[PDB]
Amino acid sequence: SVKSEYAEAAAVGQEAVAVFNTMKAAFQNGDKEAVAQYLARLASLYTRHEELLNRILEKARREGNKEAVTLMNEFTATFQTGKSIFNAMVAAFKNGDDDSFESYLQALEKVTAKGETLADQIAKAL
């Protein structure tokens, strides 16, 4: 069902949270080789999460589930904010700009924390 597809998407999201926190520790410790690999892993995870979310939204639309569509439109918009910040973070790492990397990292954490009540609402709406 769409509900079980959202639970699968939620687990991919939690995987990115786990890898992100490990990446943050590596960055603080100066282990740039690890950071580079975690950033590659996160990019793939975010790509997979984004695709699952789009399929879920499209399915809610085909089902006529107006409330779930509203919430998923809001959630996918927030996802793109987080994705844009992530990409800026990757660029900061490439450029060796640790000040910008720190900035974007904290921003991504706050964008992600804010979006959590909506994430839970979607599970209940589908």
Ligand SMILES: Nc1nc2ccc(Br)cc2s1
Given for the second form:
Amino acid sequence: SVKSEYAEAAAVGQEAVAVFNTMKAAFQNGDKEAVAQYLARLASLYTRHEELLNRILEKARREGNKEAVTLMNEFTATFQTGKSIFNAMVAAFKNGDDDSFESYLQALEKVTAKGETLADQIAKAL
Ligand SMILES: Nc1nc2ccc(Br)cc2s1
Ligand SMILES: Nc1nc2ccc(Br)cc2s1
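I have the form solved without the ligand already, so could you send the form deposited with the ligand bound?
All chains and molecules follow, beginning with the one already shown.
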């Protein structure tokens, strides 16, 4: 079902939360070799999440589930805010700009925490 597909997508999202927190600890500790690997693991996770979310939105549209489509349009837009912040963070790491890396890291945390009440609302709507 689209609802079980969203639960799968939500788990992939939680996996990225877990890896992100590990990556934050590694960054604070200066373990740049770990950070590089965690960033790659986050890129693949977000890429997958982005796809599951698109398939769910397209399916809700085909089903005519107007409320779920509204929420998923708002959610995917917020997801892209997070994706842009993540990508700038990766660039800051490549550039050795720890000040920018820190800024992007906190911003991605805030963008993410805000989008949580909507994440739950989508589960109920599908
Ligand atoms: N294609 C995408 N890459 C990312 C990276 C981080 C976050 Br948050 C969302 C996305 S969507
Ligand atoms: N529960 C939630 N998971 C996510 C993932 C990415 C972004 Br951006 C916001 C949220 S809110």
